[PDB]
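Just the one chain here, the form deposited in one PDB entry, laid out as structure tokens.
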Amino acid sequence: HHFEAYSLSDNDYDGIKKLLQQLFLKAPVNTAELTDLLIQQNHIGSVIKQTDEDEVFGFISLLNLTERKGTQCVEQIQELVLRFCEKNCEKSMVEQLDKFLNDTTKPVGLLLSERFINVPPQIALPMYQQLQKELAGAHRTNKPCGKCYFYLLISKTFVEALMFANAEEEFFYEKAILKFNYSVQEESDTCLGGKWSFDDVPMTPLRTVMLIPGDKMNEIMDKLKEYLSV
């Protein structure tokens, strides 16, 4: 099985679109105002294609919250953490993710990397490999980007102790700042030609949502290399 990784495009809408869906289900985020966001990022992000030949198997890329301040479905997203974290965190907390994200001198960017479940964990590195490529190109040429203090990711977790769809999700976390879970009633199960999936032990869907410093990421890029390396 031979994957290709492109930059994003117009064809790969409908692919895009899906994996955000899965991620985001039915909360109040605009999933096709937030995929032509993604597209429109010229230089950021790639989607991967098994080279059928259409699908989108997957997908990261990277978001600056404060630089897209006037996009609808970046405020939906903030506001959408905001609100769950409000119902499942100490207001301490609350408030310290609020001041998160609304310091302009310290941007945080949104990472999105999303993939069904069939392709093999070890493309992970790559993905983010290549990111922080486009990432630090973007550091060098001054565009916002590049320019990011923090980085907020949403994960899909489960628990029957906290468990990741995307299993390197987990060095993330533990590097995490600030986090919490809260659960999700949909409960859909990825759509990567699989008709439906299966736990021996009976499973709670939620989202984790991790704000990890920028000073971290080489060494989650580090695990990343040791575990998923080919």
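Superpose the two forms; the largest set of C-alphas matching within 1.5 Å is the rigid core. Positions refer to the first chain, counted from 1. Compared with the form deposited in another entry:
- Core-based superposition between the two forms shows that, of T190, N181, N30, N166, only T190 has its Cα displaced by 2 Å or more.
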Second form
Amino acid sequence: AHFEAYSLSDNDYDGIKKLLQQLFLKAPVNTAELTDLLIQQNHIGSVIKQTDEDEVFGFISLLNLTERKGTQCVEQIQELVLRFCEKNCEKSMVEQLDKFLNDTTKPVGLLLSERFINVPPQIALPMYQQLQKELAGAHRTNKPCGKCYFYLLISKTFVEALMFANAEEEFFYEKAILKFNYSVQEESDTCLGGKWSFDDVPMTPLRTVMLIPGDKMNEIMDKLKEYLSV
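I would like to compare: after the form deposited in one PDB entry, may I see the structure of the form deposited in another entry?
Shown next is a single chain and nothing more.
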């Protein structure tokens, strides 16, 4: 029944590695490394807990990629948001994506916002309200994390025209200039000696990739408050 938010600490590595596995389910990304990297920059991380009694029920952090260039997980991700683009890109967005990723006039920060389905969606409004202030403070102090001008968000979605898993990222979608979708649905195998197999998944779990300009953020908050208001 009760939720609160704390800075990332070492305590939280396991629960936040669990959430990150749920995002990159079979991806090459080394979530151990990514988790380690988020906790180190505790000056922008928030972790949600419910009131043994210290399990991580969700988390939120922003990682500035252009700034951490060279890094294994950072690399593995940039390589995966491109390789899945090529399978759905039309060859022009593969061109816009690689150029956004390496711009350095406008670095790109990865937004990570993953929670357990338990937690009521309305929590999103405090959670983003807090992140924004953490962004302002880090942009006063010229930290990497506030210098970023593009938000790269990767959303759990699916189609039963598309459902969002967290459900407030829909407001992030309609402001994203470059967007596309890749299936994360696992392929079916021929258990019973057939020529091919098909699985009746009314869900088609997928992952929507979104790039958002930083300035449209203020306007996305405007839609969070009205829709998510108590």
